[PDB]
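With the hints as extra help, turn the sequences into a complete structure.
Protein chains: 4
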Amino acid sequence: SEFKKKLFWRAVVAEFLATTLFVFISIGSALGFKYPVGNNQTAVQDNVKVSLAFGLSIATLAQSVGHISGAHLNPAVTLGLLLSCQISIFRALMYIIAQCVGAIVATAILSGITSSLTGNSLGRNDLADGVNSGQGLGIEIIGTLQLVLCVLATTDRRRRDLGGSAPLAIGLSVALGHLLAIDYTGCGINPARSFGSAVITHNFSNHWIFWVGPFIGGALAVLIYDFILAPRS
Amino acid sequence: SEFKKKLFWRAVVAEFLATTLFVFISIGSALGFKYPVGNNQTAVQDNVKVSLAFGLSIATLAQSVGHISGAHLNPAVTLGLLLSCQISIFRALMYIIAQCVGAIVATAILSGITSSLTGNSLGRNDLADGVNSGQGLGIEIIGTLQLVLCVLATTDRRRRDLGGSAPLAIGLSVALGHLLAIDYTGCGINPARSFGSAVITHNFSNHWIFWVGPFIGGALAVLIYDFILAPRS
Amino acid sequence: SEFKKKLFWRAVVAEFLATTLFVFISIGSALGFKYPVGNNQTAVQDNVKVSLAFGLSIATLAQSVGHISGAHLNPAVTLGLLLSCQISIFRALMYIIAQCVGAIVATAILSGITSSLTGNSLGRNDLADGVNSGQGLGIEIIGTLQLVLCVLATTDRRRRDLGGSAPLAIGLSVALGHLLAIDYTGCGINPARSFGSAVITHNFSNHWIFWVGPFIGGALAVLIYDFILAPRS
Amino acid sequence: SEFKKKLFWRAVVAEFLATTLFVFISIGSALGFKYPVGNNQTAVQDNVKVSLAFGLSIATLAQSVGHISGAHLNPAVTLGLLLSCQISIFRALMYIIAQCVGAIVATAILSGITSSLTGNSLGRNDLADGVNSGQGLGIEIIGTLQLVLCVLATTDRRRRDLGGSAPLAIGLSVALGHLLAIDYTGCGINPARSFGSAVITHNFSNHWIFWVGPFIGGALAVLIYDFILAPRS
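Chains as they are written, first to last, in full-length UniProt numbering: chain A, 3 to 235; chain B, 3 to 235; chain C, 3 to 235; chain D, 3 to 235.
Keep in mind the hints are simulated off the structure, nothing from the lab. Mixed in with the good hints there might be a few duds.
One copy or two, either will do: identical chains are not told apart, so a pair holds if it fits within one copy or between any two.
Distance condition first, Cα-Cα at most 25 Å in a straight line; then the derived SDA-like pairs of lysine to any residue [said to hold, decoys possible]:
id, residue 1, residue 2
1, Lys-8, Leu-225
2, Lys-6, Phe-35
3, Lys-8, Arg-160
4, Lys-8, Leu-164
5, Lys-36, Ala-130
6, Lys-36, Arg-159
7, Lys-8, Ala-232
8, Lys-8, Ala-45
9, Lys-7, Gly-136
10, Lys-8, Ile-91
11, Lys-36, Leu-139
12, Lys-36, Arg-162
13, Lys-8, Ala-94
Okay, here's the thing in structure tokens:
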């Protein structure tokens, strides 16, 4: 085909342009505690605020480019479908890689508008005071797992029983991760979102855990659904 | 049948694997007040945070294994359908019993990642300072009742007027219980969730009320709908 | 008909039983600031908490008894459809009157479980420090108006363009009133909910405004939709 | 046509009457921090409260007059469809202009009921302490962009894959803007809402940015979707 070949590229575009808006609006809104409405006197973050803002941002982009890429926006999600043999071997590489770019470009646009922040966070997920060093995977490896469990089930197509909005579904499962790992890291349930969070801002401390699991956990879900709960005939 | 007999087991599996994710992510996210983002200096919980996180967690698992078990995840729910003669006499026993295991296994995975908590709660619903001792059923016996009222109505099948997401429906009715008994217990609207909350952590103080009602209240709802509001021809 | 005549009563029942659960769970959860989780040292209410809890409670009951009554639960709503000539002249009286009973019975069940409250509110909407005396209608007469605007539009039936959950729609429009008049009264967007709030608890100070508008405002909406925006051919 | 010509006017009416309710209820509920529930001793605003209240208010009005105008309610939205050649060249002028009136009339009704406010805000979006002067467009020009990205995608009609509520979709994308620019301005993602916010209250300081972008950003989205992601055959 000399058309489908070109319909592939438009998806990888609809993957970059979507993730940048996702990162920008979400990670940007996360920096609302240090940024007041009165003076310099610092505030305290709302767990719910950054849960919905990140969650709803997915359900918004999901309804916006689903029909074009599959609105993965997350390399953990991308790995889920790849292991379920849904997507193409190379499509996984084209989405993941261009997805990381979106997080770099948004951080780059935000870097100009921020500045006023007392510590200059510019989007960062850090193993908080008390949270297990390295073992912070203990949450995430069975944390990000719920989202790829949703994504895989919300797409059965064998299934005649679905209803409502599929994005609002999956996007609410993004507010689940954000409602969970809020006090833990600053919630980094998306490897590309966490990677492009500190690459030009610079701080690669514990970044290897915000990549490896996800990934394994999201792939564990494939076995839970595609091999245990809803395996193909 | 030598297939349906095996399709029963997969449901009891889809009941365990679902409840553990439910308990883990929810009960784990509940321990966000004592766990800060700055130092050791304690914070104050958000009622809304743990309402959605518990609620949305059901609507997430509900869209994820509904088609397999009926995504009960709650022994109060299980008793509702059993009294409506929907489920099997023994299916109730297989779901309830394996459901309690999920809450034990999640607590077990969480027990390693927690530790830093100043009081070491590890998921607990306690009759708070002011809340009626034993008479704390007064809320719950007409509290958990709303959820089994939703579940029974959202499944009529006689009904041609339903729309939207059935999980988001029922899952929002889980955020109703959590938006109600938040200051009261720490919201224990699910007997299996409350049981497996303290069995290895150890504290069986008032645990008999987080079992008996539910149950009766959820069964009262059967009479409200299946005998008063929408009884069968 | 010697069946439809009996199907009328079941609606008036499905109106009482629904409003009591509505009042109980909602008004009960509203008393979460004075009731702590630590000691006696008082807390500060969350505007969002009581908005969703009241809102979602409607969308829950709405999906639960819609098919039976029309899940009015509000005399402001009841007046909207009556003026649109949807419901019966006497059905309005049977719903409104039995609806007020629900609010009395729930307050009665709550009265036993409360007690610990420092001021003993037991569900009350008071013209707060700063809020216009009597002129507090200024909000509500164009406040409750949005909900009857939703209810009337979400029921066109001439309309082929509707989607999603009709309750979640209307129930979210109940969280709109609650997200608006939260600092104002303690949000009393339902005349029966506000009436049965203080009848045995006793405090009829400004209760005439939590009856007259609603009512007029809800009826103004009929003219906005059924005579201005979507009038019948 | 001597009927369609009259069906145009009813839309411009359904645009004014909708925006006034939108502005009133939303902008009115925004003034909930300065207005307490105890005495004069000031409170601190909830980011989430004003996000949903503004967002849900759109999804409420959207389900209420969609079928009549297209429930634009926002001149940024109006410009999106106009550039996509959806609406009429003059319909854009009739909606935008009458939309600004709604924001003036609501402020006028609110002006009587407010008064008690310590600073007398009456709906205002100000470049907060730290937020970039003039460069505050840096957020908004790629901020309001998400909403017109939703609106354009939620209306493809070429698209067979949509589900759930289209308002709740778009209305949640209004809570995205409000969850983002909350600490920044006081969120002014709608040019007409921000214009009619200070015209009789008087304060036109930085009002030119709460008009120009939006606009350009919303039109950039047209190029993102109608020329890059989902362009017409």
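Do the hints match the structure? See the list:
1. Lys-8 x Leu-225: between (33 Å within a copy, 18 Å between copies)
2. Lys-6 x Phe-35: Intra 46 Å, inter 51 Å, cutoff 25 Å: neither.
3. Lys-8 x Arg-160: between (29 Å within a copy, 19 Å between copies)
4. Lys-8 x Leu-164: between (31 Å within a copy, 24 Å between copies)
5. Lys-36 x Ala-130: Close inside one copy (17 Å) and across copies (12 Å); limit 25 Å.
6. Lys-36 x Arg-159: neither (45 Å within a copy, 43 Å between copies)
7. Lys-8 x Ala-232: Between. Shortest inter-copy distance 13 Å satisfies the 25 Å Cα cut-off; intra-copy 33 Å does not.
8. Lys-8 x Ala-45: neither (49 Å within a copy, 53 Å between copies)
9. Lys-7 x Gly-136: Result: close neither inside a copy nor across copies, 42 Å intra and 43 Å inter.
10. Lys-8 x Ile-91: within (17 Å within a copy, 34 Å between copies)
11. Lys-36 x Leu-139: between (27 Å within a copy, 20 Å between copies)
12. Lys-36 x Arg-162: neither (47 Å within a copy, 44 Å between copies)
13. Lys-8 x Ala-94: Answer is within: at 16 Å inside a copy they meet the 25 Å cutoff, but 35 Å across does not.
Checked against the numbered hints given earlier, the structure breaks hints 2, 6, 8, 9 and 12 and satisfies all the rest.
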